[PDB]
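Please model the complete structure; the sequences and the hints are all you need to start from.
The residues making up each chain are set out below.
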Amino acid sequence: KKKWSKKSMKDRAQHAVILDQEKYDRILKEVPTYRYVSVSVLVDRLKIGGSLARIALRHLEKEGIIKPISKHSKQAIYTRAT
Amino acid sequence: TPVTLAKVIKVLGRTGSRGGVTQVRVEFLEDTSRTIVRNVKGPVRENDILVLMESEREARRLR
Amino acid sequence: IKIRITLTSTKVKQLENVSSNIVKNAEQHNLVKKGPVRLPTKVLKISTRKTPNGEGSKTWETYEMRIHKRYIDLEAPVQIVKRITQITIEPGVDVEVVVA
Amino acid sequence: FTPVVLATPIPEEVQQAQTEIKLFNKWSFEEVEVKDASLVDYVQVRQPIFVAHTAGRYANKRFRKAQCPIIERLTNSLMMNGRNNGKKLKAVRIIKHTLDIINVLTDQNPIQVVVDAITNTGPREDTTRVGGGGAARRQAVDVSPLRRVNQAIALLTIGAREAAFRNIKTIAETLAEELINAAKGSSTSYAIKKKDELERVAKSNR
Amino acid sequence: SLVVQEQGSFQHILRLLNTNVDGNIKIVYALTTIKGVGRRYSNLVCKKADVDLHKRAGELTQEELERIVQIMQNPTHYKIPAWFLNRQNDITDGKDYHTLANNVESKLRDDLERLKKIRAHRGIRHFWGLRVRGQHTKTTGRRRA
Amino acid sequence: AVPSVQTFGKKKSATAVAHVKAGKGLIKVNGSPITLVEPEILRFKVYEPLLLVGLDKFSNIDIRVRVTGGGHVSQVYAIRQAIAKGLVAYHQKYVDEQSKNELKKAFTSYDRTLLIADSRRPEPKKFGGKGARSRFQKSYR
Amino acid sequence: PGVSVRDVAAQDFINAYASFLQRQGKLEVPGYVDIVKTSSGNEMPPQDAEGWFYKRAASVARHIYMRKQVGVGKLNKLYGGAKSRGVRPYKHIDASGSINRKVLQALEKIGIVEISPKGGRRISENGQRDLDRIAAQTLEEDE
RNA sequence: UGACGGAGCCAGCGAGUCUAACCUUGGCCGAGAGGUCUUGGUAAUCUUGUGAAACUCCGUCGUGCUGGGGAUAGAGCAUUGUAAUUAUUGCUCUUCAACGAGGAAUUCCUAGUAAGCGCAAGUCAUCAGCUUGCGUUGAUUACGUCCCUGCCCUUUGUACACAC
RNA sequence: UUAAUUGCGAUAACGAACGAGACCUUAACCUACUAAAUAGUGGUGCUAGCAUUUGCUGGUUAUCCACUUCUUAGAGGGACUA
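Chains as they are written, first to last, in the authors' numbering: chain SK, 24 to 105; chain SL, 5 to 67; chain SJ, 20 to 119; chain SB, 20 to 225; chain SH, 2 to 146; chain SF, 3 to 143; chain SI, 2 to 144.
If you're looking for bench data, these hints aren't it; they were derived computationally from the structure. Every residue gets a Cβ at the ideal spot worked out from N, C-alpha and C, and that includes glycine. Treat the hints loosely; a few may be bogus.
[Stated by the list, open to error] If the Cβ cut is set under 10 Å, some of the chain SI residues that face chain SF in the computed set are: (1) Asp8; (2) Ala11; (3) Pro31; (4) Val34; (5) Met67; (6) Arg134.
Structure, rendered in structure tokens:
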């Protein structure tokens, strides 16, 4: 029959599932320049998958730089703490 | 965007084929004492400053 | 002896004066008692189609009926169950004497 | 300050909230003025609120909807798209989360950013049906200040809602990006582009 | 911070029980590709194998995949409930079995053929192509031919 | 005979009674402190009557509120209305009008719902639709 | 002061009591902890794996403290939820009776909940004192 | 503005056994359905505070016809009945298909209303995706018109009277 | 003019009847009456936990006392657009 609708997503650029080294130096030197950082920000600009930002967002919050302005349900808002 | 701030002083009545527009007698705050009639789509009662992008077009009942 | 007068009916006015007569017989002599307890009315509701056949716009009905229940609590020896037992019964309302 | 501690203690932050009026606990309602004199008396920012969740009697008559806080109107208009009907506890959660991003990025008062955005995305001219008798035909008319605010809020909500459809970005940042971009009058805004379409259509059919 | 690096042991694709097991996903869900293993059974297999559930399929040491594989082919020996198997009380012998990637489809054809050869209602309707559980077909099941 | 007052409050179908007696400043709901609401967003909505006028008038009273009925927001609206009416009741059996009248003016100056209950109630459902106004989908051909 | 189980938030107390149940696992560990689905409505077993039994015990004991008498069916109704019956709409489904039974009996073995008259269970006298001592701890941990 | 797993977790309408076997509390057994021994109730009293769901907070996940979605089937375990086979229904595992917002056209709606959410009752030995009611969360949009679809009164015209 | 031949008024018409309206039920208000362990509330005893310093959170029908704000009602009031 006829659908009158499109069927396509785009081009899935699948990326890091386990944190590597060549981008471990990247994250430690690139997110401290984010005035606004959250789960989605480094998903787009830093190109990070699902279960690595949450660890990385927990990484720096416990260790250093970025600070909990508002971490809450389904939204972890952090700033460029300096 | 050259606009003209105009405040209404009297509402004539709702017009149009479906009653979606209203005739209002409106005067401009700047360069006052000059009064024109204009159309309004949204709800207007009185003392409402509508942003008139063009201030030179005489309004009339619409079909 | 814990005589309790239970009254159920569908007519509020007829049940009211029966309680009034019972309570007026109670406040005479001595008969320290408890007044009328106002139980919530039990409202039956059977919803039925008005149409006897199947043809017609969907128009439902609701045949309701209200039951008013009030109980009268007495406390006295046999010298009033020769006296209270004289039922002041009107059509409709009923009485059930319950002791203890 | 007033350090009064009762039998049941309250955190000092809540005690601080009694100094000024409600304030959304972090965001000044004052020093926020609607730039356009047209939308004055219709964008309610003078009356403050702890939360944007009130059971107001706004729809009974014509103009009590104007006497409603602008922030609360945003939460109401964010409650759309079918399945997201009700759940006002959620709607204020994005509003609180989105309102925070307006503070972390573009560091001014987010309430000020909200009011200037709606005054910059409210259509000033619009077209209307006048087909009368003969297939179709448009004709341009004007927009009341109340309709300008209503259209402005609707465009911002639908734009962020559509841009959050099947996308990793949550509605919180999508609302924040849409409001910020519309605040500074950039072309990437869905609401700004829609305002251009309606004004151009009305201008052509003038 | 619970951050660890990778040395190169990650393999983007796996092959267990003669089927393709794609990596880049958690082990509990990457095993669902096997024909005959679902979310619950894969969770049960991973739980008894002690394979650190929060682990990607690629980032799995080879000594744990064989332990998982052996549980797949003999679940009842590793303290798995008898009620956690797809093929219970087999018509041939009666021992509680568990069909696998190639066994799930093949065994399915045998029981239909057994049903067909005995000329039962389910067997003949299966050959016909209609419903065999008693659904209505007057307005449903149209775009099938 | 220790000083005490009582009030009530409703939102849609809930009830909340505040036995505001003379105490050291304890505000509890169902045995829990006022700081433990449940929506965690309308916590400042129930914090309202605490903060419109100040905490100094709250230092000699203890408001104990028991709530039953309604949704979580309805319970919250019951609590805020009960404590607001509880505050005026304590000022309506002991303290002077200047304390009470500007208390009872300022509460309504911000919102009338603090003392006046919401008059709207659910409407009965009519046959032919899932709700009162709503109707089933009718069609021709 | 006068702090108690009602002077604490739910999430902090249950986690705190779960914390003061994992460090020494005195209560019990059933043999079928890793295979239950907690109900016929839930589609998946709990993802806590290692724990989730003292977490339920913490929630049950806290629920017992604020009440007087409950039952296993009462716990099943409370801990149940909506079930996605395929294309059919959702429906309320009770929890797994065996799970609440094992938790309730486990709380009896330690001495935190015992049987009560008029049927049902009730918080224990040793149970009340330790549960209240938990509240005095979790508040001061944040302090 | 999601799904899943934990916690918090609040309603209203209403029904319920006598010479029958109903609503079932509680304890025990079973992953579950369910079974078992008992208890309370002819009812504001006992089922039931119907501890309902949508809802909120912690986590798992990730923009992936994928942890979305559960049609289609295979095997097993129980309930109802004299009888279930073209599976009554319930429970467990496994198979994981169309569907990525829907074309001409069209339905309902002005406040607790729409919509989202579940519950009770009716049919009932068993079987709700139905209906009748109840409550929970709760928007935007008008305060007008006869343009479209129809109605009332008057004037007017008629070769209509089973009457455009 | 009204939701309404519902009214003002006009008037070879006058006086009327049915419908509508009026009426009934329900949802809202009553800190005013009658009350009430088959609904509750507060208090006095018994008793538990935390801190003990002054309190808070509870359990308890034969421990009793007082009340009807919330819970139900019956008789009534209130709304007429002032």
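Structure-based check of each hint:
{"no.": "1", "hint": "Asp8", "in the structure": "6 Å, holds"}
{"no.": "2", "hint": "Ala11", "in the structure": "8 Å, holds"}
{"no.": "3", "hint": "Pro31", "in the structure": "32 Å, violated"}
{"no.": "4", "hint": "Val34", "in the structure": "30 Å, violated"}
{"no.": "5", "hint": "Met67", "in the structure": "8 Å, holds"}
{"no.": "6", "hint": "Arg134", "in the structure": "18 Å, violated"}
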